[PDB]
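One chain comes next, on its own, written out as structure tokens in the form deposited without its partner chain.
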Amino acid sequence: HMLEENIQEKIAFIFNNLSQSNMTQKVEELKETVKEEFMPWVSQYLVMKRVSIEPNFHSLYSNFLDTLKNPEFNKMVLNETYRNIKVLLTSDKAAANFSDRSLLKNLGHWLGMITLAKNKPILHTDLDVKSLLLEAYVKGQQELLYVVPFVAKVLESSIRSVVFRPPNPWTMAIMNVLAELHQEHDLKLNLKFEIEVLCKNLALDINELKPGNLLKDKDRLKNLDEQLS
């Protein structure tokens, strides 16, 4: 529906069958059979129609971007990623919306891979992860459920990065907010678990983190720049 069906299936076929071996083939297929002008749309297709739903192939799709070696395209993909994360983060949330949360998680994982994993920062003007967590904390369980798993997924990609790998001060700043949320008595079972798992993935001892007293600022919580709806 975003592209006329002929041009649509043409690029659907590039990513339809993708592998380690046919990688360089498919990257040339794309470079020739598709016009440069459609690349912003190829970038939407990749983020929305593939990456969002199939987390099993994120390494492949990342290898693709690597092989393609196109920075202006890589930039498009990063903006598309942020745009969609925004839509979901400012959506009408409901207990029932499992699908929306799944998409946000995958888009989180993907964001980690194309920024952190590649020694590039998640810019404060694009996304303020620390404030997202605190805002989630004041708005409710629902918002937390939408946000903690999502933040976990993006941080998973810090271990693979000489820059953000612990004990990076930003990475550890985020981890310390999570460590404080984990101390909260009425934090859903599944999110205490999600946070625990994240520590093991980063080879961290949850108990050695240094929780702060941010959740008690109140005055600060009242003045956050909202990133949620």
Contents of the next structure:
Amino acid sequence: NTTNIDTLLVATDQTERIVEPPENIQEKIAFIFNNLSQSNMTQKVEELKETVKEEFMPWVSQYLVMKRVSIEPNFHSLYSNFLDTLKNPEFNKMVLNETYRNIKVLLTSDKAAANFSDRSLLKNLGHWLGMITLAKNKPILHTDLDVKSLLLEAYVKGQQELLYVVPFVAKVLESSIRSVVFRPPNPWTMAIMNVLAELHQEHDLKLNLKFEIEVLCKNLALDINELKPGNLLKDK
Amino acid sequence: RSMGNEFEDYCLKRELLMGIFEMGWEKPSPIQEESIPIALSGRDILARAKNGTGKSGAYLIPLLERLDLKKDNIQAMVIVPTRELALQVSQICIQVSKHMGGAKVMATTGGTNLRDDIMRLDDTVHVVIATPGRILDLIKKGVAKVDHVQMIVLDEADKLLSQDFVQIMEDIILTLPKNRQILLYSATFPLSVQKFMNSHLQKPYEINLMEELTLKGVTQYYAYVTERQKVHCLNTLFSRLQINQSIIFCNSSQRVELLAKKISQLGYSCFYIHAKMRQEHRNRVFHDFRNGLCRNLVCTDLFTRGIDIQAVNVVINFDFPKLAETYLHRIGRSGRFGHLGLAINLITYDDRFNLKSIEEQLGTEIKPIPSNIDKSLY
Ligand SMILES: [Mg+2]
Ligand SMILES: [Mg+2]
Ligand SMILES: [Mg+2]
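For comparison with the form deposited without its partner chain, provide the form deposited with its partner chain bound.
Shown next: the complete complex, the earlier chain at its head.
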């Protein structure tokens, strides 16, 4: 399938087992997320509070990130609007950490035994990440995800790793244009852009990755030619 | 004659490749892989292909490639039979060509305002996407000047060459330069299409580019349930599956309505579509659904566009069909948007002979619903 999440499932089955809510609560949560729309969001959010206790919220963040967000990129705005409406800043943090966790499972997974879908899962999680951090004026701390080093490590590893990582980075950075704090010419954003602009100068980078970078620039209203590529790759 | 498995191999303009990349078209599909280089050589093409916009990529790409953007003339035309298909094809064409810097695309149909289209054609249009009646009218009024049209696409030619439009089509062709490249796409080839072929196409390259409907990829279940318990069974399914968007098929327009009303009250997100609705309204509902404004669509077998909705990952047969062909139309996919993950059949005891007959006729397997979903009905 194109929505195989086994790679995430397996990695979870080797983590500290958390408290699973009773089936009637699980079922209610699935029903809510299955039937969530813009025109019932208020009603659905209220239902969510009136049914899920505080101790189940870790499970709910795991459900939302692993089972929904990773394979429903078309409803990212909806779940994000859902979080805004829920006004549960401690729930948001669980979702953030679960997002970082699954991202790392993918980034560090053996790319040879990977499912066809794993690239998509990574892109989707990156898109979501950008939406719940940058777009909402929260930083992506390097102690959670160091984007610049990710790019540099990928370039050392080869085309296969770049093929996974570059579209991941682009999906994340897409959200920066919606952030008063992180939009260009924000220094953190531009340092990543400058590394990407340097990759873009590599003659043998696959054309579709060159397009990822050029399209990222267009989305951030950046002139690709106005970027300031360094010499970080020239060591490698 | 495939130039390779990558878009890059076809020597297209870089700007055009970017548009293709942004569409999410990573590699050329088989219909593209064959259609494109022949079209780029200038050959007429006669192609068998399924109805709808799935194949628009196969002709829009060489069409856009052949445009000369320094010329302020209509250079290419796409004729389609309905206003809906014209809007869809033009939207795709605009997105595909968004990096080309100045490609002017215009859709003109009975749905769009004549006066306003006239005004629009005062300015540069390179590509016209139109219904037959409207474009013939503009050509005849001297508003659409077509003496530079070097390529015309007939999309769904069987419908374009039926009794309603065949003479209008004839009139159009005769206004075009005699050497114009013609690319014809059609699901069927009745006598009308054959006649047009012999009269107008210059030794066409003929390809069957139809992706047949397969059940491969779809996990299919059935659950025995009385009519009394179907909605409850439905509630279980929506509490146990991961549903991005779903389509729920019923066997009549009346039952679609009653079901939609019932589940709307149960907190479901849904719209419904059936036969006793004006087409404009059907189109509005389909647009909303494809745009994610609701999660589930309840409908009859009259809705054939579920195929064009990428997020649909689950189909429910609330009522089991009587015919294998009907079942295959509901659940089968071509693989371009991939395959559905999951199909679930709610069957009464009296549906069993049909279930078994259809499974066998389709050479497929429809398994019983797994235990951990079957519990919680109780
Ligand atoms: Mg029409
Ligand atoms: Mg129409
Ligand atoms: Mg019309």
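Whichever C-alpha set is largest while still superposing within 1.5 Å between the two forms counts as the rigid core. Residue numbers count along the first chain shown, from 1.
**Student:** At a threshold of 2 angstroms on the CA positions, core aligned, which residue out of 97, 84, 115, 131 shifts between the two forms?
**Tutor:** If I go through the list carefully, the shifting residue is 97.
**Student:** Determine, in Å, the CA shift of residue 180 between the two forms after the rigid core is used for superposition.
**Tutor:** So the C-alpha of this residue moves 0.2 Å.
**Student:** Core superposed first, then measure: what is the displacement of the CA of residue 20 between the two forms, in Å?
**Tutor:** Superposing on the rigid core gives a C-alpha shift of 1.6 Å for residue 20.
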